[PDB]
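Here's a solo chain for you in C-alpha cells, the form deposited without nicotinamide-adenine-dinucleotide.
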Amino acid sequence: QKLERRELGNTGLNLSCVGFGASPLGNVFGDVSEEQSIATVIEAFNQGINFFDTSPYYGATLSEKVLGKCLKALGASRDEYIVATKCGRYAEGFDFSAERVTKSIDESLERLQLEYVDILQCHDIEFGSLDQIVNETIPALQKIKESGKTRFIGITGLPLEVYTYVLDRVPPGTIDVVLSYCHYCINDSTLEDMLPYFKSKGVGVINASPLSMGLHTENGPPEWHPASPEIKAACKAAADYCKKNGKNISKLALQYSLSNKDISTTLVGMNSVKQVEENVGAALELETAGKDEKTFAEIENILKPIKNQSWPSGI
C-alpha cells in the first residue's frame, strides 16, 4: 500500500495527500538538531511524502536553510519531490512589494540550495493591502514564474475572504494554488464552501493545521492560541471524549482533514521519525477503512456549538 497522491488543480503536480510542513525544522516549536531534521525528512520521503512546504518566516529563515540540507540528504532526483515556499512575511515584518518578493525568491533559493521551487506563495496576505497583492505582488510573482525560479504561484492567509477578494480581481488563470489553514478540521470545515469557487477558477487547494494549532490534541492548545474560550472548551471536551473511549483525537482529526479528495494535500509539521509513521499510517488506514462515522458523529455533537467559528487575523 502506497500513500495516495492527488492532482493539484491544473498544475500537473501529484502531491502526497499528507505533506511535510517544514516550519518545525526552523526550531519553531522547540530545538531540533540538524541530524534529527535530516532523519525526519528522509523518513518522510521514504514513506511516500513528496511535498515540502516552508517560508522565510519560519525560524527567521532557519527552516529554509535546514530544509535545504535535508533535501540534499535525500539523495533523490529533483523531480521526485515538490518544494513550496513563500514570500512577503518575514521575522522583521511584512513587505509585499514587487522589489521585496523578487529579492526574496533569490534569497530562498540560496538557502534551499535549489535552482527553482515548484510553488511560491504570498504569505498571510490578510496583513497586507489586498489591492497591493492584486496590482503589484501578483504581477511580480508572474514575472518570477516566467523566469523559471518558481513553476507555480499562489496566496495564503487565514481568513477565507482574502481568497475571494484577490481571485475575483485577477485575470482567469493567474493563480495556480492556495494554501489555507484551520478551516478544514473537525471544528471548522468552511474551506469546503470555497471548493466550488476554487474549482471554477482552476486553483489547486492545500490545507494545513489539521489539529487547529493544537486544539485537537490531548495536551491541548498552547497558551498563545487565539481561539475563544468557548472554542477551546468544546475542543477539550472532544479530546476528553476520545480519551475516555480509548481513541486518539489527533489521529481522528487528521483523518477528517484527509477525507476530502478535492483538497490535494494536508500539511503536517513533523520533527521526529515516529511522527512520520503516525501521520502516514493514519492516511493509509483511512484509505482502506474509511471514516469511523460513529465516532465522528459524537465529536460533531460536542463541537456543534462552536462549529465554523474562527478568530481575527490581519488588518
Given for the second form:
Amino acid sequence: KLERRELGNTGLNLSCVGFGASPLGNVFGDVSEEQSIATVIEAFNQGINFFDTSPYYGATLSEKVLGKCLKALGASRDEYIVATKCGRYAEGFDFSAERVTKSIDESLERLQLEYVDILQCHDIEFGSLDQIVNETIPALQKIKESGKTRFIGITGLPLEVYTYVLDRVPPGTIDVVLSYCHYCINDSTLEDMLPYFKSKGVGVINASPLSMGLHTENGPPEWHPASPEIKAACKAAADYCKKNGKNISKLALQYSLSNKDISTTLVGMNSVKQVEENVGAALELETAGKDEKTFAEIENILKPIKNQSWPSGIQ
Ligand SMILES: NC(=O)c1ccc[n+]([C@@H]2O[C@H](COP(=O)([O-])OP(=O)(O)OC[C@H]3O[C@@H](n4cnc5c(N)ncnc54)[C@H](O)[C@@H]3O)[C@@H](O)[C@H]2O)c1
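Having seen the form deposited without nicotinamide-adenine-dinucleotide, I'd like the form solved in complex with nicotinamide-adenine-dinucleotide now, please.
Below: every chain and molecule of the assembly, starting with the one above.
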C-alpha cells in the first residue's frame, strides 16, 4: 500500500504522493475531461487520497473538472481529502475578507462539495502580508468555523514569507503550509525551514517535485521562471539519466519523498501513465530504496545551481 503520513495536528493521513490538479486546468497543455476523470480514478484506485486545486488554475476550470472527477469516484467523502485556495484569480489578486468568503462558496459550487478539507491563501508573497495576518486569516478562521473548510493554510514561493505570518498569529491558528519547488533534486531549502514549521506545529505540504517540468525528459515549458543556468543543469541531469537508461522523473520524485517530515508531495498529473509511474516510484522507494549511484551523479551535475531560486511576488 501507498504510505500515508500524518498532517500536522489536523488528524488527516495523506498519501505521501498527492495529486496536483493544476494540469486539469490545462496549465501543462490541454487534457480532455474524460482523460482527467480516468486519471483521478486511477490515482484514487492506486491509494492517492489527497487532491489539491485552486480557483486560479485554468480560470476556475481545474476546480470544475476536479469536481467532476471526484464525483466519478463514487467513494465515501472521508476517503479523499480536497485542498483548494483563495486570493489568486485569473483576474488578479484579492485577499480581502469579502473576496475569500465569496470564494469558498464559488469553489464549493464548482467542486460539487459541501466542504473542502483544506483552504489556503494562494501565493501570499503577492499580497500585503499585514492584510494576510489581520484580515485574510481571520476571514478564513470564520470560514473554518462555518464548516465550509476543515483546516486553513498559506502558500507561496519564498520561504521567508511563512515566518512573517506564523510569527504574528496565535499558536494553532494555521493548520498547514504548502511550499513548492524547494524540496527537489536541485533545491532542498524547504528542509531548512522544516525545524521552524515543526516549532509552529504546522503540517507541511511539498509541491512540484519535478520543479514544474525541469525534471522530465521533455524538459520545462517555455514559461518556466528559472534562470537559463538552472535549466541547463537540469537538462544535463535529465540527459545523463536518459544516456544510462534511468528515469529522471522517477528519481526526482523519489528524492522528494525521502524526507518523512513532509506529509505529502503534490505532483501535477494529467494521465493514467503518469499516475502509474509516480505511485510506482513511491512504492519502489519503500521496497528497493534509492539508486544512490545515480543520485550522486545527479547531485554532481546540479551542484553549481543547487538551492538557487527566482524572484516572486512584491515583497
Ligand atoms: N503557490 C502554490 O500554492 C503552488 C504552486 C505550484 C504548484 N502547486 C501545487 O502543486 C502541484 C504540483 O506542482 P506542478 O504541477 O506545477 O509541477 P510538477 O513538479 O509536479 O510537474 C508537473 C509537470 O510534470 C509532469 N509529470 C508528472 N509526472 C510525470 C512523469 N512520471 N513523467 C514525466 N512527466 C511527469 C506533469 O505532467 C506536469 O507537466 C500543482 O498541480 C498544484 O497542485 C501549488
